[PDB]
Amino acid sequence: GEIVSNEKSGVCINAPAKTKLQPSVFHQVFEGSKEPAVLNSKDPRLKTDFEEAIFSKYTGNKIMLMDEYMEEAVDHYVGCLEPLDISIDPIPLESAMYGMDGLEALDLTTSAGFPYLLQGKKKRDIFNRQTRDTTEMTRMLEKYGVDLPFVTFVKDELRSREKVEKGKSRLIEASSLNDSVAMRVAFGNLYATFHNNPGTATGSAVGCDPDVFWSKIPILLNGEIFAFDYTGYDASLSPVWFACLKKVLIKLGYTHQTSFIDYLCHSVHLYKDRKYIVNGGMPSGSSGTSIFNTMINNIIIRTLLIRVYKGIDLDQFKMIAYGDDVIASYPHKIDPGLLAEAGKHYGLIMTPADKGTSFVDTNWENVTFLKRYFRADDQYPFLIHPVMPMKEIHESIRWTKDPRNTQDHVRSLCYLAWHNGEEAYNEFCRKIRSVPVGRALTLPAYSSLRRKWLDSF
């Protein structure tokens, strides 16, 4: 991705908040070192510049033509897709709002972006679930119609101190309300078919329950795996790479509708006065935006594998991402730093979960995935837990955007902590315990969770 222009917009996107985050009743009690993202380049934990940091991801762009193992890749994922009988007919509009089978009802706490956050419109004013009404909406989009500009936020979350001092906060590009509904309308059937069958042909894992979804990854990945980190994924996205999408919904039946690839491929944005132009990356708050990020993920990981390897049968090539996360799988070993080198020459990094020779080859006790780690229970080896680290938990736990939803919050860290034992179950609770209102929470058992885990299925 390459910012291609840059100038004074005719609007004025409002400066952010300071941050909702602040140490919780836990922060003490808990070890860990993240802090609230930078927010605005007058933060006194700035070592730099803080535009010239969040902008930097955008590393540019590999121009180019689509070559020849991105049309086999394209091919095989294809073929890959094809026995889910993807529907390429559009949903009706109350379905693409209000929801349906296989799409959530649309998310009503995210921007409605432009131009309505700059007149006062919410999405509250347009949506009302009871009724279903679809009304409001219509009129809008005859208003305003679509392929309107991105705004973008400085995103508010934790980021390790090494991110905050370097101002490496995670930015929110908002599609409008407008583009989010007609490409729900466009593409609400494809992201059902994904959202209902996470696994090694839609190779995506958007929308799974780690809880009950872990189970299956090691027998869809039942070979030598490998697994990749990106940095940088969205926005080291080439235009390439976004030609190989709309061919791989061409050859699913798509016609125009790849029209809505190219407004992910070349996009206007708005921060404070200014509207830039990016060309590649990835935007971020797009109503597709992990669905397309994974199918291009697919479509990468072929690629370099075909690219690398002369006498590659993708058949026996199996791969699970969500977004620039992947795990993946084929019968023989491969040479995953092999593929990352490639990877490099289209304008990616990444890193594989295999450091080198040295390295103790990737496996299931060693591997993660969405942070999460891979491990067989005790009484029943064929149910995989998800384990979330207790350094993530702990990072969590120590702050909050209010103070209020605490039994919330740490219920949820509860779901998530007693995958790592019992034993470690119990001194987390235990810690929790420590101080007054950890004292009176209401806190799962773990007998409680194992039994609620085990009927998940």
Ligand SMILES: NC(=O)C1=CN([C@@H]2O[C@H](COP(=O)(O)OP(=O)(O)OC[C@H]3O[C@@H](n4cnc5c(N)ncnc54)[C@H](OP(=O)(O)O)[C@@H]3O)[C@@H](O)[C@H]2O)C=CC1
Second form
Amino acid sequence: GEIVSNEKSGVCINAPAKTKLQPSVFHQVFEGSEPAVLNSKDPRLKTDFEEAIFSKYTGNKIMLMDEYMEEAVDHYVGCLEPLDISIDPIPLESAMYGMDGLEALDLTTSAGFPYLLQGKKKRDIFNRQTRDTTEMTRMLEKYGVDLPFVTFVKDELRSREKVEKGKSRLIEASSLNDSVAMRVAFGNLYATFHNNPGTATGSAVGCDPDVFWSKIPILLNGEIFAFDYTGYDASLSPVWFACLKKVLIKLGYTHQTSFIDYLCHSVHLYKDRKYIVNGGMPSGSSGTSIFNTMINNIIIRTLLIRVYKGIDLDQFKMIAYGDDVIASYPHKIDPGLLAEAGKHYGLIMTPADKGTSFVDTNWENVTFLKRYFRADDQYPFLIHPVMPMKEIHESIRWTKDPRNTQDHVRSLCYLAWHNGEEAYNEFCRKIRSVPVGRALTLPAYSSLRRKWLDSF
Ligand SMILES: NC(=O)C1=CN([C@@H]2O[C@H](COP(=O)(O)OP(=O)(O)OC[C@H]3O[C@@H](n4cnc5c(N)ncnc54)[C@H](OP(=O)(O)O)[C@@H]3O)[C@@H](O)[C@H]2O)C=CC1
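Pass me the form solved in complex with the ligand as well; I've looked at the form solved without the ligand already.
The next block holds the full complex; its first chain is the one shown before.
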């Protein structure tokens, strides 16, 4: 992603609010390092604010698809075909309200241009209960599609370096109109993927880690390697979008590449500004996560081929959620080498195995979706999704709405127990060393562990 232009938008797009992050009744009970920089004049910046949040954009590797890419596409198109992905579009009411494999469109995310400036809240239009499918149809009529991407900073916690640096995350929110039409072209694609995490889709988008993480080592089973990217969604040159376009063709798609063109060449509204981006995937589009994940299936296949000349991908399996990869192949590979030839397409990647001094990525030290893996003692064949306590600790020190504390820790509890009884005792002990949590309902270890085995 690279910014080709920026000019006066024509809109006085609303400056954001203050943050909603306040220290929690556990801010002093657990140890941690605070909410994201949301304006220039925040007292905590050590470099130019506006400069750090668009530096995600690093430039394109402008080019035509090379011979490796074209083969990676065919292998992935052929991994997908058993999943029979209807090119047909879903009815409008299915896009809006949902269907099997597709939740209802989410009511809280913004509607973006040009609604957010005209007093049309999506609460008004949508009206779940009646499944009313008439408002949008005249909304899409009034404004069409291919509409700008309203840009909000993410309201979230970040590490200290990222607050000091100003490395805050942006939401590039597409329009409701855009959302719906997309949801109508690829709904049964979304649906297909959502109902089928694993090696075929090569995806875990919409997986339950509590019950899907045990499937994970059976499908990979070979010699695993994993990767994390740096500024991934922005490190995408237009070409990868074309490889996605090429995949989608072999799935039998036609005029619906329009949508990926909607993502490649992107037009975003910041404040009183209109910047245009060529290459780089927007975070707010109705399939951002799905399309990121397919491109990552293309990227990886390409890197092996380009690197290991004689190669058979039939016995090659991978699983991506956005930028998070984890992959298998019978025989050993140098992920450091894929990371290398990956720079030749302008992509900064980092494998788990960092070098010969470094212990091989194994099932004990590898991660995915921020979680490590660990087999149960009793039923080893069952894999815990283990989230670091550090991660939970940092999660608990701050609150959005202190009235939503009970569910906000219960939600944390269902994640924390996979670290073991003793650690869960430590955790609940710490919680009940402070007035507020002493009355708090907590799930006991045995209850959580029972509920988990019944997920199967
Ligand atoms: N049926 C059940 O009872 C269960 C349901 N679930 C839930 O369903 C989810 C599966 O779908 P998910 O995993 O969310 O994959 P997503 O639907 O999040 O992938 C959609 C992508 O498109 C963008 N987007 C556009 N419009 C919307 C919208 N209206 N709502 C949300 N994202 C939107 C998002 O970007 P951005 O993030 O910028 O919006 C996201 O990256 C699980 O994560 C889990 O929460 C899982 C287990 C059981």
